[PDB]
Each structure stands twice: as structure tokens, then as C-alpha cells.
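Protein chains: 2
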Amino acid sequence: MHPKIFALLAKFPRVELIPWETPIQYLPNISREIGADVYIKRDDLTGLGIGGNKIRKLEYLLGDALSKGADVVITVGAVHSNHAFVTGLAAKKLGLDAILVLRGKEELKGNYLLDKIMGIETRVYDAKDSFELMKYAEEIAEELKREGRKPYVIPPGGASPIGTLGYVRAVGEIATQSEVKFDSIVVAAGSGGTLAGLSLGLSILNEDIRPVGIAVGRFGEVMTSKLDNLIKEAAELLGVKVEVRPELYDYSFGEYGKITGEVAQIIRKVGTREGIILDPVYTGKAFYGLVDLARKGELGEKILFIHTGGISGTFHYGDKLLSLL
Amino acid sequence: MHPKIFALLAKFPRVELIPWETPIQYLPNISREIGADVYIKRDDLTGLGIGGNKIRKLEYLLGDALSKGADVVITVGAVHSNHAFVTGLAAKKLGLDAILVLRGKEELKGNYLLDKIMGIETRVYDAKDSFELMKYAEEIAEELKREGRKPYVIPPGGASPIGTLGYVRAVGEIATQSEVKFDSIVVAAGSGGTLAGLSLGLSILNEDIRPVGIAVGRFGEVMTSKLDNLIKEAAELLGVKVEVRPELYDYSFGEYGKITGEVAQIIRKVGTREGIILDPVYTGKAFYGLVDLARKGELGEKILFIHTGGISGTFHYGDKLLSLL
Ligand SMILES: Cc1ncc(COP(=O)(O)O)c(CNC2(C(=O)O)CC2)c1O
Ligand SMILES: Cc1ncc(COP(=O)(O)O)c(CNC2(C(=O)O)CC2)c1O
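So the protein sequences, as listed, match chains B and A. Under the authors' numbering, the residue at position 28 of the first sequence is numbered 28, and the numbers go up by one with no gaps. Under the authors' numbering, the residue at position 155 of the second sequence is numbered 155, and the numbers go up by one with no gaps.
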């Protein structure tokens, strides 16, 4: 925790869901190949549930929630959505209820398989992949509010200014430990909170490190414009200026949830050469978009890849992955 | 790292696969329920593969295979083996080839999926019996080796004297990262290689921390003879004497791999109350026993439960689980 950042987060009521600072490891092989030293930060060992990037976010969201006397959080995401599970399982630990408004092929495997095991409540609605279940969440929060039950709705991937503070803290932690001075930091980009917080923070530490987000789906206008808005409201939350938005390379292969022989080979590669697993929906496309850039000489000499968990995907869509190797 | 265990481990050739000390957290919700303080050591976040108690042993094993110049590493295990997967991958990471002599269903899930995904070679001998799948392992080596190739065979669960130094070193770490004094430390016992070294390190350390393993499988015979003989052939290696035995309780619920309704429940509870996931064949069973004994005060006021991993089996069997809740 960096002096300044601490000082700026200390006002926000957060729930402490993590005990240790997750490790930053160096990857010998992917460095020899690609040709750059790439370090990986195990945010997938954040510990709660299947771990991952969300846990850090839940700390400021559910921290908040347990304030506004909420007693039943709602969230959204894919049916395989890690965040959805982790937000759910987390909701329950802090002694709260949780309703997941999922969307997709009802498959009893992966995170949806977990969702049940843990008994988290599940509600699916075949609807515009635009993640517009975000409206089903509300009707749901309305009627529950019409019962005197105080809910708490969470935005796709905790893409909330307050959940954003999640990585804003993660940058301070990356600064207390890092022995390496990074030129760029990669990380998949789903809803934009990881890039936001990570960016709001860097800017706060005013570090000459480049915030590189590896888009993994939509992008059009929304993903980059809305990205900027998000990181704006966040700063206005911390009451500070912005130091020009990050980078954002699309490596989604066209559509979210697409599993290609490239997202697939890079899985077996990182796994069989470094001994770390990444998934075919998030982390796998971003490590793949890590090699691409590090070979085109676009990342610098020292690069840190923030592993964001998602371990359930590799099991969920393990069948496709096979038919591709 | 306690100075005594540091000196005693000094001369043994290891391969550093673990960059940090795994965190120890207090489980308040489960502690307020069994009437005892229960602390969980997160060894399920060791780093390699799906993490687990095995990565530790693999530091010494693979540093035994290497010191001998091998090109193919062999090991056995049930098709759902956490050891067998993690062994090969790890072997593959050290640039060593790996062949797994599994036994059981060719189902495509759990660690069988991960195996094929990460392209580890696999020989599923329908010889569904016990560990006499080791005679098949050694004969594959005879053929293999009458061709310059230098195979290296690792016992079931990598439970060999020097693979046992993995947790000897573990108590050594524990003994330090902890500002608590436990009455007992519990760890699942399958092939018993973990419980084997744990007893060693607590024997050398010498406080009154009891080694408490809860058998996950039909608490066999060779098992009790094997267990002792492991513990001491290693005491001889460090040249230390074996204080006196470890405690072993049967909680197999009938047999190795039996998923009963109490196992499913212990996963739901720990999952939705502590935010930690256990599997149905190993850790879920071990923690179930830890409770059952702490309730009756049989395990002290301060218990340390080592989470040895196994997360794969929870996806591998999340259907049986579902038909139990
Ligand atoms: C493994 C993993 N890596 C990166 C991301 C990034 O999300 P953000 O862009 O919102 O930070 C997710 C997203 N997950 C979401 C989900 O629905 O599961 C969007 C939240 C992720 O799960
Ligand atoms: C998750 C998990 N927890 C505990 C154990 C304990 O093994 P030991 O008692 O032999 O040390 C294993 C075993 N696994 C084996 C496998 O077949 O994978 C026997 C090695 C385990 O996988």
C-alpha cells in the first residue's frame, strides 16, 4: 500500500476479503520466446471462491452494501460468469442473500455447476447479449423493494466507480512489492473495472507504466467511450484528475465466448511451459494478446500480466478446447 | 523457516516451485459452530496446476529425477488424480516428458480433462483395483529404458522419503509464518505421504502439535505399515529420530471416492460460510472429520487444517453433489 493511494482509499468502507498480497512471478519461457521479460501477478490466488480479479472489487462493493443496510445483493453476467458466482458466494459469507440474473445455454458445468452446488439462487432470461439483463435485475430489485427487502444491484463485473477502487488499491500493492519497474501491464478487459481502477491508480501514482487492456468482446463505441466515463466517475469519487486513458487492443476473436485454436494453444503453452492455467474466455485471450504485442515490440522490456482467475472456464469449455488441439 | 528444519533440509536438492509461503486464515463462522478455533492453511494456492499438497513434494521429487538425468517421468493415480495431473504438467514445465498410468473411467472431466487439454500422455489401465497399477508403471519403464531414455518412477501420490520432505519443510514454514500455537494440525490422508512428513516436521520441531490425518479411503493395512515405514526411512535420511507416530481417523464413509450427502453439505457450508471450496474425494472429507472431532473437543482448541487442493474433483463430480443437496 502506497502512502498516497492508501490516504485516498481510507475513506471508503471496505470489507477485507483477502489476507495476503498475491505473488508476482517471473516467467522464464514465455520470456525467452516472446523475447521480453514478462512477470505474472497471481490475482487468481486472491483466495475467495475460485479467486480472481472480482474478489478485490467485492471488497468495496459488498463493503459498501453491508452499510446501506442491504440484505440481498443482485448481479449479472454470463451463465459461466465467474463474477456472478464469486459475488454470490461472497455475498453469502458476509451474511447476505444473493440473486444471479444469468443469461445463456443452461449448462450444468463450470460456474453454473458451482452456482448450484453452493446453492446460490439462479435466474436465467434469454436476452440481448448486450448484458441487458441489467434491467431484469432492476424489476427484480423493484418488486423486492416492494416487500421492504433492501437489495443491492451490481453492474456487470463490478463495473461500478466504487468497485473500480478495487484495482486502484491493487496498483498500490503492486508498488509495495514490485522489484521490477514495468513498462506495461496487461489484463483482459470485460466490463472495464480492472482497467479503470488499475488506470485510476497508476495515474494516481503518476507512474510511467502503460495500462494495456486486452478487450475480450464488444468494443464498438461503448467499450472505449464508456471505459473513459467509468474511469472519470471513479476519479471524481477519489476527487482527483485523470492522466489520459489507457490502451485497449481487441483480441476477442470477433465475439465474447469464442474458443479458437489460438485461445486454445496458448492455454496448453502457458500451462505446459510455465505451469499456470488460463481460460478460453478471459485470461487465455489476454495472454495470447500478450505474446502478439511483445513480439511486435509494443509492450516494452518489462511486462506484468495480471492473471484474473477464471479457472472455471477451462473446465466449462474443456470439450471445445480439446477438439482444437 | 525455523532454523532447525532449515539445517536438517540443507543438503537435499530441491527445485523451487513455490515462490511464497501459503497464507493462514481463521475460519470464524465454522469455528463459532464446532466450538473450536479452526484455522485453514491455504496450500491450495501453491501455484502449479490446480495447486495442492503435491506441488511441494514435486520440488524434491523432480529435483531427484533431474539430479539423475531423466527424460520421462512416470507416476500413477486414479483417473481423477490431482497428483498425476500436477506431476506431469510440472514434469513438462521442467522440460521433462510425462506419462501418467491412470486407472478408471475415461470420462472427460475433472483432471482427466485437464490432462488431455495440457497434452500429457495417458494410459488408463482398466485395472480398476488399487495401486498395483505400479507394476504396469514399472514395466512401461523397462521397455522405455531399454532405449537410452531414462525414466523416473514416482510412487502413488509421490509418497517417497524425499517427496515427504515437502511437508517437513511445510511445518518449518508453518512454524514461522504463524503467531499461534496449534493443538493439532489436520491433513487428508490418502497415500499418506503428506501426513507422513507433517509428523516428521512436528517431530523435529517438538512442540506438542499433534499430526492428525483423517483417512479418505478404506483405512487399509499396508496403509498403516506403509505409513510408518515412510515416516522413518525419511527420519533416517535427515538423520533425525522419529519421536512417535501420527493420529489417523477413518472418514472414507465406506471407501475411497464415495460421495455421500454429508460431503456435499460440508462443501456447501464451507463454500457459502467461509468462501472456500473443497473437493468431494479428499479435503471435503478431511474437514468433515475435523468438525466431527472438534465438536467432541477431540482435537484441541486450536486446530490447523491444511487445504491440500483438489478443486478439480468438484467439477468432476458436481452432479453427484447436486443429487445430494
Ligand atoms: C477471469 C476474468 N478476467 C477478466 C475479467 C475482467 O472483467 P473487467 O473487464 O470488468 O474487469 C473478468 C470478467 N468477468 C466478468 C464475468 O461476467 O464473469 C465480467 C465480470 C473475468 O471473469
Ligand atoms: C487434493 C488432495 N488432498 C490430499 C491428498 C493426500 O494425498 P496423501 O495422503 O497421499 O499425501 C491428495 C492425494 N492425491 C492423490 C491423487 O491420486 O491425486 C493420491 C495422490 C489429494 O489429491
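Don't take each hint at face value.
Repeated chains share a single entry, so a pair holds when one copy, or any two copies, can fit it.
The list that follows gives simulated cross-link-like pairs (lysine-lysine, DSSO-like), each with its CA atoms no further than 27 Å apart [as the list claims (entries may be wrong)]: (1) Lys241 x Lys258; (2) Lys135 x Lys296; (3) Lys92 x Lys232; (4) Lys226 x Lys11; (5) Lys241 x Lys296; (6) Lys135 x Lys11; (7) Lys181 x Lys226; (8) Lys296 x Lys11; (9) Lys302 x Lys269; (10) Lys269 x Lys135; (11) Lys302 x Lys109; (12) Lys116 x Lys145; (13) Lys150 x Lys105.
Since the hints were derived computationally from the structure, they do not count as laboratory data.
Now for the hints, and whether the structure bears them out:
{"no.": "1", "hint": "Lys241 x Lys258", "result": "neither (37 Å within a copy, 58 Å between copies)"}
{"no.": "2", "hint": "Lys135 x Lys296", "result": "neither (42 Å within a copy, 50 Å between copies)"}
{"no.": "3", "hint": "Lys92 x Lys232", "result": "neither (31 Å within a copy, 45 Å between copies)"}
{"no.": "4", "hint": "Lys226 x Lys11", "result": "within (25 Å within a copy, 57 Å between copies)"}
{"no.": "5", "hint": "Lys241 x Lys296", "result": "neither (32 Å within a copy, 59 Å between copies)"}
{"no.": "6", "hint": "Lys135 x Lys11", "result": "neither (31 Å within a copy, 63 Å between copies)"}
{"no.": "7", "hint": "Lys181 x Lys226", "result": "neither (30 Å within a copy, 50 Å between copies)"}
{"no.": "8", "hint": "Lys296 x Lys11", "result": "neither (42 Å within a copy, 44 Å between copies)"}
{"no.": "9", "hint": "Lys302 x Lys269", "result": "within (20 Å within a copy, 43 Å between copies)"}
{"no.": "10", "hint": "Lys269 x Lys135", "result": "neither (40 Å within a copy, 31 Å between copies)"}
{"no.": "11", "hint": "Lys302 x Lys109", "result": "neither (37 Å within a copy, 37 Å between copies)"}
{"no.": "12", "hint": "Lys116 x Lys145", "result": "within (24 Å within a copy, 48 Å between copies)"}
{"no.": "13", "hint": "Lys150 x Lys105", "result": "neither (29 Å within a copy, 48 Å between copies)"}
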